[PDB]
Structure formats: structure tokens, C-alpha cells
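Enquirer: Here are the chains, one letter per residue:
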Amino acid sequence: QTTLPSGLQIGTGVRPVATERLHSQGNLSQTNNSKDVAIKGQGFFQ
Amino acid sequence: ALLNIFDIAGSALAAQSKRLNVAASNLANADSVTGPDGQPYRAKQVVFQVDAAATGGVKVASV
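Taken in sequence, the protein lines are chains T and g. Counting in PDB author numbering, the first sequence runs from 59 upward without gaps. The second sequence runs 2 to 54, 58 to 67 under PDB author numbering.
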């Protein structure tokens with residue numbers, strides 16, 4: 059009555075799709091310079 | 002009849018072929034499971050018997 063479905067399905071393999079960057083917030087280290095700036099939050103210079 | 006030798010040898014060859022086929026089938030189904038209708042697979046053997054026509061050939065009654 060109840061048996062296994064008896065079906066075949068062969069895989070092929072694995073491929074890399076993407077590399078996501080963790081755009082988190084990094085720590086701030088003091089360089090004591092007067093012409094260095096750091097971003098707090100989001101945003102990029104141009 | 003000096004010609005029943007061929008019959009005896011042919012029966013022996015057929016019996017040996019049957020036994021080899023059974024052994025090969027068992028080896029193929031060594032690690033099988035859940036055959037038709039779900040009943041588990043079970044191994045089988047053959048039994049040789051002589052045809053008392058005295059001296060006679062070999063036969064396999066059933067598996």
C-alpha cells in the first residue's frame with residue numbers, strides 16, 4: 059500500500075552566485091591628525 | 002544410449018547457469034530495500050536434485 063515514491067532526480071553541482079559585503083559600522087581609531095575624517099552612519103565620499 | 006551423456010551435461014550446464022544467475026541477482030540486491038509493493042527483499046537459493054530415470061542428470065525444482 060504505502061511505499062517510497064520511487065523517483066530519480068540527479069543533482070549537478072554547486073556554483074558561487076554572489077559575494078555580499080557587510081556594510082556595517084566599523085570602529086573609530088584616533089590618528090591625532092587634523093586632516094582626517096570618519097563617517098558616522100551611511101554615506102560615501104566622491 | 003551413449004547419447005544421454007549430452008543430456009546429462011546439458012542439464013548440468015543449465016543448473017549451474019541458474020545457480021550463477023541467482024548468486025549474481027543476490028549480489029546485485031545486496032543493499033536494496035523496499036521492492037515492489039513495499040515488501041522487503043529476501044535472498045533466494047536453489048536446490049539441486051537428481052533425475053532417477058539409477059544415474060541421471062541434475063535439475064532445480066524451485067527457488
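One should not assume that every hint holds.
[To be verified] Here are some, though not all, of the chain g residues that point toward chain T, as calculated from beta-carbon distances under 10 Å:
1) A29
2) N30
3) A31
4) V34
5) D38
[To be verified] Partial list, computed: chain T residues near chain g (C-beta under 8 Å):
6) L86
7) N90
8) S92
Just so you know, the hints here were simulated from the structure itself, not pulled from any lab data. By construction, the Cβ of each residue, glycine as well, lies at the ideal position given by its N, Cα and C atoms.
Enquirer: Could you work out which earlier hints the structure fails to respect and list their numbers in ascending sequence?
Expert: 1, 2, 3, 6, 7 and 8
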